[PDB]
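Read the single chain below, which is given as structure tokens and is the form deposited in one PDB entry.
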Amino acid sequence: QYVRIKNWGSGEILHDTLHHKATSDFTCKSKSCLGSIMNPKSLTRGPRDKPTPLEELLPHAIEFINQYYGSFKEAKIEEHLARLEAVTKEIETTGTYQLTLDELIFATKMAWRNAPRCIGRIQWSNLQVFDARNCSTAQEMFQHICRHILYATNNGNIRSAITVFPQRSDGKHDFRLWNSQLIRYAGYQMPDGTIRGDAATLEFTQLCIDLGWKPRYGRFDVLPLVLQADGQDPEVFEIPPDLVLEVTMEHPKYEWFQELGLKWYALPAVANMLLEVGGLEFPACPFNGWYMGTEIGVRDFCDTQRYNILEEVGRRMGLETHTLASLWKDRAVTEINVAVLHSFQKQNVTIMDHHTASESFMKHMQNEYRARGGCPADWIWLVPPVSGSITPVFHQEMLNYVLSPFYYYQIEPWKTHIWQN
């Protein structure tokens, strides 16, 4: 009937029934739980080489159409009925179908709404949609992407948006962005064995170089867009610097913080995910929202596998960086977090601290259960990387399941791509 969920901080109880609409199997076994696996197959939608079998499509298509028309406050049965037939006939005549712009907008917001790992979902209905399903070349992709970046950046007053390119037809003509995020920094393997820049993009950086991109060997060099159109080999494109807004890091008290010469891009945009909707798959649909402080101040700056700046900030604070039990790491990471938030605020760039985001998510989840008795949520991703139990999200039991529409991961394109030259 329903799974009981409790919030140990408040004692509140919730009944989850939405999980019944869950698609096929998830990650965890029957006698084993994964949960903490970053890229499980349950969240990945791979490549094809043949259209989607009609027996599978039509059911999903009908299903989606029913969900779409069901969403209206005042039903439109004829329109619904009409759409149902038109869709069917279209599938019979073309072996696939096209969504109406409104259905697409609906699909993008719902898929966002269904992202178990997104803590900013209270904003789900507030999303701008750029329809690029007519795109056909790498150059056109590049223009669309630039328009997106410009619209979304909005001189610091960030706006959430998504650009949808042509849906996968037969899997042999996929539109794909080879980047992780639209704007990412390069990571170089220096001569003296050290790593410069974002160690996380090392392989992809090399790939950009192996494709003719000129490495500037900086600590913060914006990587180029590596676009793939209609299944063809990817083409490299530098992002016009005017479009990339950055925030210089300053601490509100430690004047020496700037001496660290740190900065970060203001636009967080996922570039390589696939949008699944009504039997259709969109291998290219870069989207963006805005940053939550800890992503930058904690992960990007303090992960040892990233810019790893924690110890240095410790020393400059004159802490016992050689005695773990002194909790210096705890002292440092906080100042860095304050730096990030301070810097974004002073430069008028949208950002949200993790405490506020958590409360926001709790209100959202709360609304979701009333609205549809459920909210797919991955505790492991929703709980901020610092101050865990200090946030309300930590005390909330959650159910993680994959609905549809959905945003899946994809096999790295360079691992399955059939090159031409």
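Numbering follows the first chain given and starts at 1. Throughout, rigid core stands for the largest set of C-alpha atoms superposing within 1.5 Å between the two forms. Residues that one form lacks are left out of the comparison. What changes on going to the form deposited in another entry:
- After superposing the rigid core, the C-alpha of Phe26 moves by 2 Å or more between these two forms.
- The chain behaves as two rigid parts between these two forms, and the smaller of them turns through 180 degrees against the larger.
- Taking the core as reference, just one block of three or more adjacent residues between these two forms has all its Cα positions offset by 2 Å or more: 1-29.
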Given for the second form:
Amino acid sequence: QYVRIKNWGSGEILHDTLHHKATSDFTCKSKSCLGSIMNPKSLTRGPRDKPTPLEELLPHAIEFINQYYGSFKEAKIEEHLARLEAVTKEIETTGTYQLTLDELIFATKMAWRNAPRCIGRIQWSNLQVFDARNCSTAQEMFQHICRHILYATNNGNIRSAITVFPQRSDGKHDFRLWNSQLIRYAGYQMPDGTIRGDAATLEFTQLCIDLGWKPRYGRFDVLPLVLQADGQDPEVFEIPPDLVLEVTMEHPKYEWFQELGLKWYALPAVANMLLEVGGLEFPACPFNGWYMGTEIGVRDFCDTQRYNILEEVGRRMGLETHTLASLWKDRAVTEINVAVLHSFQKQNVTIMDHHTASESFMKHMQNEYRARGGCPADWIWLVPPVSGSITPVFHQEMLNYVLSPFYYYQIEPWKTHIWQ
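Please supply the coordinates for the form deposited in another entry, as a counterpart to the form deposited in one PDB entry shown previously.
For this one, just the chain is written down, with no partner chains and no other molecules.
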């Protein structure tokens, strides 16, 4: 009927009626490249009630196994056949099937390798996999998560890793982390009308409060891990402060910068994503990489929907804040960016600047193209929020497409969960 278009800044929504009057075929699509959309139904893998139908599951499984065994330099045909046989049988026996460890590993790397929105993909071969498939309780999830957060952090020398929880069974016994990302500050709507902390985590914070969380009312309060096992409702577990490594922000020239009382966690771990592989899907499998400066300096600190520090950092620099054309914003942000990179380097916490990051991705694309003849890339995401064309990936044409295995988005669990 119409398309819902949201402006992530004002949160305002618009209804596009015009697209119906489109000509014929546009680029690969007919009447609209909705590539600009954040959460398209196409990048999401929702709920269930019934298991994955055998006729579908079987081929998908066979496909994935052909991918796996076709991988190794010198194919183990017998084992390839043997595995195909063993899987077909196991599928027609249980209704689902289990992956060998080396399969999940290969899976997870390929899924990452197939994530069109990730720029750190040149690191695809170096990934740690925590097999939590045999897990069964919320408490057990928590213990696994802590181990991950521990291993990942490694005292600043951040390590990429993913902890895969139990796969999907029927569709009502799902393990799901309700948080956006492993570590994430809270946002509270204060009495005097203002907002404190991360305004993005406002709705989620209230949820934590509703599940009886102790609101510490601050600017950098690490939110609690909201876990749900095998269908069972979400149990709230607080992350051990000793596990949350942070970096306090300080500029190499502007000493008044640390007076801002800014800091940010060192661990970027995406929590709420689903892993599809060979017909199987793991709705709980948090992964982490390492920060890329611009994420914190530009997005986290300078967005209106986030901490929104730009006005202040601009003022303390003595810039013409009431004159857009003075490019004070361009000046401030860059300094905030240097602050972050500096503060991370100083406190020996792994981080990469967007330029070095883009240059390594371009190299990756070449390796990827020469290797498998392609590389799914979402330009909109791959190009940094600042210094776009000063970066190589801006002048690079890309093809955005969904392969498999793949890391899909999911429906926020609190909207579709049946309470008990």
